[PDB]
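> Okay, here's what each chain looks like letter by letter:
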Amino acid sequence: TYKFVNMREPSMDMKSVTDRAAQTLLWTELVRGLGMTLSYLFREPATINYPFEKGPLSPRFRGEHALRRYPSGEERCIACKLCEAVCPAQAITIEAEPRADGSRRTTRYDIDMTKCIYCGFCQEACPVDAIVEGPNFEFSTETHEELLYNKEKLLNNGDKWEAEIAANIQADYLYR
Amino acid sequence: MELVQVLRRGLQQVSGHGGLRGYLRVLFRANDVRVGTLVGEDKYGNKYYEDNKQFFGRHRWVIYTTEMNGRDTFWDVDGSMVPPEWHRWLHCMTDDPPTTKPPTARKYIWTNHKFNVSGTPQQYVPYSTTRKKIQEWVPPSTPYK
Amino acid sequence: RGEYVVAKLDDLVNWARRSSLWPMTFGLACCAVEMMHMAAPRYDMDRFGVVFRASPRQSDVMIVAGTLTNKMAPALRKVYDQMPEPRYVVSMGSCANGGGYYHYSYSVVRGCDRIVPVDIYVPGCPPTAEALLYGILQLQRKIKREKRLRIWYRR
Amino acid sequence: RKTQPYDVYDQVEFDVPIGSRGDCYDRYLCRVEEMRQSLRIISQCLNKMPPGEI
Amino acid sequence: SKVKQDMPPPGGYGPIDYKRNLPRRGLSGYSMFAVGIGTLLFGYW
Amino acid sequence: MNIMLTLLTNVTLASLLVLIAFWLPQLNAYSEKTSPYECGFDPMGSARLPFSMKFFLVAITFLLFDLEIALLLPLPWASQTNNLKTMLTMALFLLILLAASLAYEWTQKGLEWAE
Amino acid sequence: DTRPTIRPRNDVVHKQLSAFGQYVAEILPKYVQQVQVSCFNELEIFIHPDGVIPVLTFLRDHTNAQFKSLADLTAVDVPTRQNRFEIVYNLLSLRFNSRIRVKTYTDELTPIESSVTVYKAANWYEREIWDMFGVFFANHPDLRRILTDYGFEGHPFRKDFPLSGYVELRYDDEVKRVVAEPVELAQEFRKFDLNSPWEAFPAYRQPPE
Amino acid sequence: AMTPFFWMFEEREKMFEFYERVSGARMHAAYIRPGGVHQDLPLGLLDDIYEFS
Amino acid sequence: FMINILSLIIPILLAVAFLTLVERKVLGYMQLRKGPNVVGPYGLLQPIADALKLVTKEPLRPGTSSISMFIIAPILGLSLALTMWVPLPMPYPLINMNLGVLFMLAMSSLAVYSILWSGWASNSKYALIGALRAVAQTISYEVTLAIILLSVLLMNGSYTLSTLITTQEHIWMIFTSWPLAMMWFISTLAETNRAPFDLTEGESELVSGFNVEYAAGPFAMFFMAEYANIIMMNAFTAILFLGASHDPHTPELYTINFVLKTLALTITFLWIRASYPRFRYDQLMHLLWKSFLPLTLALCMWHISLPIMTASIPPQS
Ligand code: SF4
Ligand code: SF4
Ligand code: SF4
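Chains A, B, C, D, E, F, G, H and I supply the protein sequences, listed in that same order. Just so you know, the first sequence maps onto residues -12 to 163 in this note's numbering. Just so you know, the second sequence maps onto residues -9 to 135 in this note's numbering. Just so you know, the third sequence maps onto residues 83 to 237 in this note's numbering. Just so you know, the fourth sequence maps onto residues 38 to 91 in this note's numbering. Just so you know, the fifth sequence maps onto residues 1119 to 1163 in this note's numbering. Just so you know, the sixth sequence maps onto residues 4 to 118 in this note's numbering. Just so you know, the seventh sequence maps onto residues 9 to 217 in this note's numbering. Just so you know, the eighth sequence maps onto residues 379 to 431 in this note's numbering. Just so you know, the ninth sequence maps onto residues 803 to 1119 in this note's numbering.
Isolated chain A, as found in the complex:
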């Protein structure tokens, strides 16, 4: 089923024709847009006060990567390399080494944001929820070398950003 959109032949009645003539001579439909625009002017603007005020978000938001750690303190990553194998832009580079004890995690864990896509695929690919997409959209910088993190800062990012994601995965662990 379809609905015809544009054909309505105007009536040639004296009342109807003087309507179009009045509309033409006296700008009436033209002032209709002018007039409503006045009504919309008096509406209070829907502008937030950045950075004093920030827009709504959701627990399942993708931001900067942050390598988390267990409540004891041991970092969750166990070098399964699934995040590297899934990363659609190969932003992850992984090297591993059994060091001394129950802490062989990474020789190298470099996430390349200017290469990364922020798809979040690494987050649900991780079997231990080690690498996560943090809730911080605010990690801009001035140098290109800044926009890549080493393994250490991922740990520092997970250390610095810890309360937010711990509660975020707390609320979202059943959805995914």
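Worth double-checking, as some hints may not be accurate.
Stated by the list, open to error - If you want the ones that stay clear, here's a sample from chain G, every Cβ over 10 Å from chain A, calculated:
1) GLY29
2) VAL186
3) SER204
As the list claims (entries may be wrong) - Cross-link-like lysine-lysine pairs, in silico, BS3-like; alpha carbons within 27 Å at most:
4) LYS199/G - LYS122/B
5) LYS(-10)/A - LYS39/D
6) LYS147/A - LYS33/B
7) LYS167/G - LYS111/G
8) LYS1137/E - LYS85/D
9) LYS68/A - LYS199/G
10) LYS37/B - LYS91/B
11) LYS38/G - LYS111/G
12) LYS140/A - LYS123/B
Treat the hints as calculated values from the structure; they're not laboratory data. Virtual Cβ for every residue (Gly too), placed ideally from N, Cα, C.
Please build the complex by placing chains B, C, D, E, F, G, H and I with the ligands on the supplied structure of chain A, with the hints as guidance.
Only chains B, C, D, E, F, G, H and I with the ligands this time, still in chain A's reference frame:
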């Protein structure tokens, strides 16, 4: 009657914002004169407000502190002084302040939340996190045999 | 004191510079449409004191938003060089920051910095309208932190 | 959507605006009407969400 | 516990309007014109 | 000479604005900045080739009409004469003559863009 | 299907398309080689290269086919064949709401008569294909690069063409305009030979050889 | 005229708001995948859809 | 005497500067935005911020440009707009002028010449085309503007701007020539190069029209010139139709009334800027020569015989 009602709302606005000095402070720095309930106050001096009566996205807002880690910010500000516990509340990822239920405190979390250190000497630098892979054969210390 | 006077004129110059800088109406890919997302009344580009002008002889800060390609490269450098000084460049998104999702592509230059100097690298793919609106703020702070006529006085 | 339905689009009911001149005014008018017909699809989709997995 | 997801209300959501609701405002063309000369003729007097 | 004084002041005040906007705000030109603008690319090379009008017909009629209005500018003083009878006919006659010329051009195409 | 996992079938359509598959075969026995309808109701006509313009004309013209819409132009490249590039058309019949696929084969050197006359939509699809794959077609109006960089040598979509390309460019201040150089990646494409060493589908397995 | 652009980009942003609510990001969801959507909608999302529609 | 000149010139520049703020702010409020409010209280410091930054921006001199031609036009544009503010009948005009409107009309035509010359002086397509669209724009409005101007003041008595206050007196002039004010208002819209008739600028169509090679200070004089032009000609339409009462003992009573009349009318100029799409300069000369010209003759014939109709010939003095 409603006209003078909004006039006294402005008269309430100047009075409630710490008199004239506070109102001129927020007008020239906070860029807004709205008054909200004191929802919380973190350890960094950042003053937070909540006004559920306002339309969505303008219910919860933040007045930033004048000092953070020796980075005087009375005039200039940015969206990164917010500590991790409150950063989810500001972005309304949740309808609970950290004061009502604090996050699970553990040993390794930072005690002083930091901001973008870009430009400052505290900025990050990329570096190799791996050891040397091909170490060279050290020349013998002894002279000609 | 001469340094006091130069500092006062310095404060006058950057305040006008960071308050009245004019981003270029330049857009390439996914980042461009989110760039105009924040220009929408939700985030209000203009309330921070900036307005969109088109030609290079018109604007202050180049806002590179989208994938940079080999064919796009000659015009971008031409249009950037065509902007009178002072001029700044911010790099929207992972793609323009460097390489991006198509870093390994044959028809993508790995980095807008490989072609034009860059002040700030705003990340995200696409960067949320909040994140880059801070990127403008960081440039306002960066414009604040200069000593152009001050370094000249001690030069 | 109507000639070769896909997914669950067969059960939904809506109209497709059809122009009469093939000019810019018709296309803009069909685009506007498609938005209204899109809203009707949202109403049917909202009230017909079935239980089960994802 | 029973399965719970995001579901429509038991009665269902309200009726979603989609048609045009353009107002019919203004006055008749004769009245608009007759006003035009009416104030106009006042002018020359 | 009062009009001269404000005219001299006006063109003077304009000249200071261009004067300190050309020397004070730095100077750095390196050719491609100095080059013409072609929406990012290099022009075909011209800006001097004949940019032929497509409305040349109406341009000359403007000269005839802008000329003839100068014939009816004296109207406010022409009303206050002892002979408004022939004044009414002659002044009317001009307006019909412009009306006829506009009507003549209108009917024989004219105003519509020549293609 | 009582089982809700697998996709259902439309056997009525599958046979119906197969009936039309043999329909075209008798109509043009010179040009078609074999006509196959896949399991998921997609009936493809396989025609000879030199007869490209007539079969497309027949489907656009014939009442029983009436396929007048050039959906897409693709020339999927398979290096193992003598004439690698197999040019695949894509047509939609509005009156019979069905899709047809006609395809040929053509090496790097053999030219094809351009189908712009039979399908004006082929025009820009033609400018793209010669760009990406490098198969020249004959008597095209303005066959010329419309995808790749101005003067970019080599057809990038070819199998022998590396994904990273051969050249990269960078602005140089000593000449004050951008300039190209051989490609030298900061990070190479780490190839991921993830193909499973175990057979995945007994049905599609080739006969022993 | 530029005002229609700013009329509905507000409402366009709301559709971005549910976009980010049910998916990982605002624009590029990577949501619709072969075999079905990535994950279930958050509770209360449909009610917001009802109000916006 | 010169103290009167500076008090006539200097306030206009600040008024022009604060026009940029309201241009960017009432539009935003008329557009669900909040407008510039980050620079000082409510943005009132933004017009200052624009001024210095534009002045301290690098001036640009394109290689293919004619240097003398590139500089004379911006001077002409700003100077005429500023000198356009001397002859208005604002309670005590700076210069009484027998041919008040002719002085108004003559240099208004010379104002477009600065608009005209800058296009080719910049030596490119995007300015040559914008310059030639200025030709067609002033092809249209000029052929008729004198007709409206003659018609409205034919009941005034003479061309002196001062006599407008006496002529209006009891009632608004628009009450007597409302279809003329319909003609006059939007034709001024067509000369100020505002949104519905800004083809000379042409934001979307040709980047910036007659501004593409202009930068820094030359624009600052150009931006002020056209902002001064709209306010002045709006003040012209304020006295032409909405002239208020003037008490000789209290001249300030006229200023407060006149200022709002040209201010609320100005808000309209910002009002149309938001709500209406762009005329194509094809229909611009088409419309003003198809319906506008034949109509404006009819009321011109109406407005000449009608003083003779009712023995209401106005005195020249
Ligand atoms: S979102 Fe995660 S998996 Fe995807 S590219 Fe970025 S880091 Fe890699
Ligand atoms: S972050 Fe997770 S997926 Fe990646 S290597 Fe570590 S444990 Fe494996
Ligand atoms: S960074 Fe992401 S959003 Fe931006 S242009 Fe590249 S792919 Fe599009």
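> All hints, please: hold or fail.
Hints, verified against the model:
no.	hint	verdict
1	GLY29	holds, 32 Å
2	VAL186	holds, 18 Å
3	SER204	holds, 14 Å
4	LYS199/G - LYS122/B	holds, 24 Å
5	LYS(-10)/A - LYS39/D	holds, 13 Å
6	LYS147/A - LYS33/B	holds, 16 Å
7	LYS167/G - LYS111/G	holds, 20 Å
8	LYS1137/E - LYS85/D	holds, 21 Å
9	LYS68/A - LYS199/G	holds, 15 Å
10	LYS37/B - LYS91/B	holds, 18 Å
11	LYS38/G - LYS111/G	holds, 15 Å
12	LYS140/A - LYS123/B	holds, 23 Å
Of the numbered hints listed earlier, not one is contradicted by the structure.
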